[PDB]
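Number of protein chains: 2
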Amino acid sequence: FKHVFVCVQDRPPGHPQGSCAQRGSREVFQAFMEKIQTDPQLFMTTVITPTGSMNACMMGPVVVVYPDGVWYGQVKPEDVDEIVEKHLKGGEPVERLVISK
Amino acid sequence: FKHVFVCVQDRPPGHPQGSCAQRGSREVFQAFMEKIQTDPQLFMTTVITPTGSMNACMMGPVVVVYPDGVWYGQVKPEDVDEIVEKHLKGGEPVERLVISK
Ligand code: FES
Ligand code: FES
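Just so you know, the sequences run in chain order A and B.
Number 47 in the deposited numbering belongs to position 45 of the first sequence; there are no gaps in the numbering.
Number 66 in the deposited numbering belongs to position 64 of the second sequence; there are no gaps in the numbering.
A few of these clues could be false.
[As the list claims (entries may be wrong)] Derived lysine-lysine pairs resembling DSS-like cross-links, with alpha carbons at most 27 angstroms apart:
(1) A:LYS4 with B:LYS88
(2) A:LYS91 with B:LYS4
(3) B:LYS103 with A:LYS103
Quick caveat, the hints were computed from the structure, so don't treat them as lab data.
Just need the whole structure built from these sequences, with the hints factored in.
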């Protein structure tokens with residue numbers, strides 16, 4: 003079982019740190035949601051949850067995988083397949099995107 | 003380190019499962035936020051994140067603590083102090099409210 007949290011926080015334009023939504027995270031969330039179901043094996047063992055800010059805004063879009071405790075930053079919609087294949091199914095975090103373990 | 007996820011999803015009245023917000027969960031979230039920000043030993047080791055639905059809606063308010071993987075249901079604002087003291091500090095989940103580990 004893995005639980006994926008995607009920050010979908012939006013903020014007004016003046017917020018100095020911006021927001022994950024401004025950096026494309028709603029499309030990241032959408033991508034995870036489309037994979038996890040179009041994909042039987044993901045669907046049965048993975049939950050994808052949208053969140054408010056997880057306070058790492060300038061490194062966004064922020065995606066956290068539990069119980070592993072892997073924090074990703076700068077995630078693009080195009081990166082979701084790699085995260086799904088390598089990490090969620092293959093158990094290997096995508097090192098290039100990790101900001102914290 | 004503990005990461006507490008509080009569902010704050012709201013739903014229109016017709017939705018059959020209701021929602022955590024309609025069951026009081028915004029007050030649960032606010033209570034966790036006030037506690038962690040005024041407790042010098044939690045403020046540096048705990049994150050409180052508001053979420054959309056985590057698909058356990060009839061058991062709301064739903065609160066999930068990672069990396070432990072403890073799922074709470076039916077959490078009242080008045081229960082937040084017990085979770086903070088016994089679990090977030092003490093390391094013992096509040097058995098009475100657990101719906102999954
Ligand atoms: S806005 Fe996404 S981590 Fe703050
Ligand atoms: S509305 Fe909170 S778990 Fe679904």
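Hints, verified against the model:
1. Restraint check: the Cα-Cα separation between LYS4 of chain A and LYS88 of chain B comes to about 25 angstroms, which is no more than 27 angstroms; the hinted pair holds.
2. Between the alpha carbons of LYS91 of chain A and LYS4 of chain B the distance comes to roughly 25 angstroms, so the proposed pair stays at or under 27 angstroms and holds.
3. Restraint check for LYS103 of chain B and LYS103 of chain A: the C-alpha separation of about 22 angstroms stays at or below 27 angstroms, so the hint holds.
Hint violations for this structure: none, all hints satisfied.
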